[PDB]
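In structure tokens, the next block holds one chain alone, the form solved without the named molecule.
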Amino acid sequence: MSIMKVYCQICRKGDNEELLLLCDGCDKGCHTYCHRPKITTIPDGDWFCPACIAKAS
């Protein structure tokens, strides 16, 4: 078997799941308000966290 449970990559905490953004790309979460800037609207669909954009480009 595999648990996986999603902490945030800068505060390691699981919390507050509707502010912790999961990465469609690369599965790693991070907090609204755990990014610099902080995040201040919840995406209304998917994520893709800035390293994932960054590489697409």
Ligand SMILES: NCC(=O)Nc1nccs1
Second form
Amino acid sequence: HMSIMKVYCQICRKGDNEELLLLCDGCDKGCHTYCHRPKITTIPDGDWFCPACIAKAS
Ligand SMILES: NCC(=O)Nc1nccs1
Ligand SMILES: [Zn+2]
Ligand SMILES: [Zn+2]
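Same protein, different form: I have the form solved without the named molecule, so give me the form deposited with the named molecule bound.
After this comes the whole thing, all chains and molecules, with the earlier chain placed first.
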């Protein structure tokens, strides 16, 4: 048995603009820079944790 995974943005539900589609190293969900509010205007240079994961960790 097999599993295919394709990441879609939590917000717009599209999987394009993959360079801007930030993948949470915490929970593996995706969200484009420009679909966040406030918009993310820095592409993370290393790893990304999403707002939901940061709020749970704190
Ligand atoms: N988990 C890190 C991450 O998603 N980095 C990315 N940089 C550019 C696009 S995605
Ligand atoms: Zn999006
Ligand atoms: Zn997360």
